[PDB]
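If you scroll down you'll find the structure; I have some questions about it.
The complex appears here without one of its protein chains, the remainder shown in place.
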Amino acid sequence: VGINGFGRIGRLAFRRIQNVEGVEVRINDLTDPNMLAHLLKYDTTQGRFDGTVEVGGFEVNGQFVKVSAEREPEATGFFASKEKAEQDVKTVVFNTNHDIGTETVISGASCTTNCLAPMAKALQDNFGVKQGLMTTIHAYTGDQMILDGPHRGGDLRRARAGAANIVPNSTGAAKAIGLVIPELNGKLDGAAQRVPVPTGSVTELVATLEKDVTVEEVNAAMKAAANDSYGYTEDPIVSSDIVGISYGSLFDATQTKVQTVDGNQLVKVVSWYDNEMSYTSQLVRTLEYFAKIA
Amino acid sequence: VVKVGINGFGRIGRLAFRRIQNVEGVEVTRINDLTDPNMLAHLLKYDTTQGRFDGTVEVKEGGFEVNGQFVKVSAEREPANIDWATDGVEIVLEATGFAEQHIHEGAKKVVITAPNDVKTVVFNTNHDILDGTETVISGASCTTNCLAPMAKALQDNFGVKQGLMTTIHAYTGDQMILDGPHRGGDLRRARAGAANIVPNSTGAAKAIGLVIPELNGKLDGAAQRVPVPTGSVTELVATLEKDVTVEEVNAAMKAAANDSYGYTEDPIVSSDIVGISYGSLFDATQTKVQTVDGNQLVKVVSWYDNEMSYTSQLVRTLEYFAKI
Amino acid sequence: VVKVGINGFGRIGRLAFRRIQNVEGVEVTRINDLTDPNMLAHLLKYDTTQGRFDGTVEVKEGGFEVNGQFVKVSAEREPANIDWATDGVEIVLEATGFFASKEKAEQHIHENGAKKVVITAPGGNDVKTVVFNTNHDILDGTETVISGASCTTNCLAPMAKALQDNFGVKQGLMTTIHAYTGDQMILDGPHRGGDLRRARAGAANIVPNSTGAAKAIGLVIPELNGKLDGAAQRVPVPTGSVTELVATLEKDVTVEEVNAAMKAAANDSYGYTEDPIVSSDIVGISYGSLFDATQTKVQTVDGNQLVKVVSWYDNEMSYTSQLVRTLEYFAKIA
Partner (left out) sequence: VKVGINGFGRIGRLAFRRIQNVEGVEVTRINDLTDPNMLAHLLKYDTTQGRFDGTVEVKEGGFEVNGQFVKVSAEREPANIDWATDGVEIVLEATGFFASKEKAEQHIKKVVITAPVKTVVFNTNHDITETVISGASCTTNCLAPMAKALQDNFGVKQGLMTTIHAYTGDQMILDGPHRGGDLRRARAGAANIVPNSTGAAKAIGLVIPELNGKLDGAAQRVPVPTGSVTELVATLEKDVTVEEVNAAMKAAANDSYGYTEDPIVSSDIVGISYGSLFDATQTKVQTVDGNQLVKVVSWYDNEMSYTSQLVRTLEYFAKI
């Protein structure tokens, strides 16, 4: 395994890989290894590093790992394309559609799609969804400004102080769900509300189903669909409790609503995820499985 | 001029007082609260979310001296003992936990900062129901003032079948500052309010019926308490009787706009609605009309300052009710 | 193996339990708290600042099942009625708040009860105040009730001891940049105890606040009695604090001498570090105090000097770790 781009996703992917047997990880990033070693050691949201780091590259808990700084050749964000990857791209979400050998380039999807997919999948199999609108109450991220200032991408809301506001933002995750679950292509749209927590998110989905359902039917269905990626809990948890978790998505039975007005129904289903570590865990799970195939 | 009395000088009472300073024919001539005046004067002057007080406040024997003007502050336990008419008070703002014990020698009318036989009024939504006969009326909850004009606008123009509401809300005083035991037993309000996204139940979507009877039973919702000290946004996903576009929805909200229901197309955030005078501010940039097959879901979004939006509305009702 | 009892399973009691799990030769075999076990278990499991519990916790009739091992949880309002010895309990952490004097704490000492008690509240006059690896030498063993001191005096003491022993302190002023605490209002409202600053939204303000930990350092280090005073700026982080001490010494010194002194004075309770860390790095640490060499100053203008010296601590878990150390040690003497 070789990591290009040692930002937040890169450093956590590494951390995650230290506690997985058959993977291990070379790194490439343009910044000072002193800077990177310090940021690997110490982490605000995810706690101190589990081990030692000392700065050719840096050695971690003994083993040397060579860290290069090449301009041109994958978690940099600069090379987010099919052609842009040196030795339609398959969007994969583990334990959802990883069942789709070969390939040049695959995408582990967006952090939000990995939360949405298993829950949305569970609804289509059991009940069949007609349509639905998504809202993710989301932690703030690096593309937001720490204080009100000119955004590089021209976005007037991400220009605002990220940890002092509720900030609406557009997300493609809900619309691009067709690329993992073609059954739901064009059925789901959504938006985000970025809020002052440094990591940890929840995704709410209000949807209309093919057949009538109860609150208990919905919850049971999700408990039945639970696995390593898609968690299940009936504990009244909050965002800090899901920081650092290994589930890509964690369904919360306590927030479920099935509103019946006349014969018609609206179903609300809610799933937690740590936009950092929930995604990174599903990324590594995929990363491992993908090296297994050829 | 409408002389006003405030019973309960908590967050709402102090903000009502503040608000009334910049409203013409309304003046507070008597405050009644049981806490130390020195504590009250300091909290009236200095305010985390709403800024320094626009003026000067000094404690004196009997009351406060605000901008020169003396305002009596008493500390009567039972509302029966308060001699409101001595200070010319023709209406009371009841903002603690009650109530015609204000009505005697005393005031003539009263407004409760809550929801009971008493009429629930959201200004510029259903303040037409007040014939003037009434003795006690209620201004409603803070989220009810946000949702109501937006909801009503959908029911008048398109008719509402049903809808689910989610409010991304500022943290509140009923949440713990740090992880601890909650008096009631709530395992989520037990957690650090300024360090978490905390799911919570709200009955404001249900009790909308009291303000808009047509939507009684049709609306339900919940809240996600988040780490800002004030400011909130209510998202309503709803099914309508007519087919619509996003433009038609937005144009209808613009056509329903007033002092209570604002309209904007600016990509704002929560701090931009802190201290506003609108009860609700419709944000047309967050509108969605999803059409899958022939069926439609309509998403509709409005900002509010759970403190000052409510308080502005509350004062509008207070002045109008007194002037019948 | 030291079998421990907890009376009062609040913030501190739960953290002491958590801390004890990762320490050997110290084990909790009885808990006593009057709140609903469901509420307690939940708050043991889930924790905003200190993270998810390391293991599993299920409620059960009689007590908790923590990762297999059953731990008894009684609800006795009177300490006289807690049969601690039945669960072979030797020493009791008294973290309730309602038995914060000696005679009151001594209600845990009977035939079928405990042998010793450690209170989380101040040791008043006839109750010795112990900071571990600072003045735990004062315990002969005959003692019945001791106090594990305040959270800030556990941070300030090792750093202030190291200065006195090496260089001698004339005087000093302390400033603690402190996490906001439970006694602060979440939003602007009337504070019960009258305090116009604790009245304000704790997580949206820098809030000055007094602290007697600098003044009451004498109870721990009698050398320094009357030499130190200080104050606090409470700020918007849920836990984690940093203490700065500007001081005048008896000897003249350089920046490298003092940092070396702190490194030589370093131990299990007093950490040493030269990494440029921030408050989130010291969350959940076992050091009572963690000296930071990077912030050290020695301003020499004329012959006269001022020495500024700085140390991190987690006002939740650093205190707890010192509390568990003093709790362990005190049981091993009798």
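The letters A, B and C name the chains in turn, as written, and every chain counts its residues from 1.
Rule of thumb we're sticking to: a contact is a pair of C-beta atoms (placed from the backbone, for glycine too) under 8 Å apart; a residue touches a chain by one contact, two chains touch by 3 or more.
Student: With respect to the chain omitted from the figure, which of A:133, A:159 or A:253 is a touching residue?
Tutor: In the complete complex, the chain left out is touched by residue A:159.
Student: Looking at C:204, C:216, C:266 or C:317, which makes contact with the chain not pictured?
Tutor: C:204
Student: Sort through A:1, A:20, A:23 or A:39 and give me the one touching the missing partner chain.
Tutor: Counting the whole complex, the residue in contact with the absent chain is A:39.
Student: Suppose we count only contacts with the excluded chain; which residues of chain C make the list?
Tutor: 170-173, 175, 177, 196-197, 200-201, 204-208, 226-227, 229, 231, 233, 235-237, 240-242, 244, 246, 248, 276, 278-280, 292, 294-295, 297, 299, 301-302, 304, 306, 308, 310
Student: Provide the residue numbers of chain B that touch the chain removed from this figure.
Tutor: Listed in rising order, the touching residues are 42, 45-49, 51-52, 266-269, 271-272, 274-275.
Student: Just the residue numbers, please: which parts of chain A touch the chain that's not shown?
Tutor: Residues in contact with the chain left out: 7-8, 31-32, 34-36, 38-39, 42-45, 140-142, 144-151, 154, 156, 159-165, 196, 198.
FYI, only the chains that are shown with their structure count from here on.
Student: Just give me the whole-number Å value for how far the CA centre of chain A lies from that of chain B.
Tutor: 37
Student: Counting only residues that touch at least two other chains, what does the list for chain B look like?
Tutor: Residues 187, 191-192, 195-196, 227 of chain B touch two or more partner chains.
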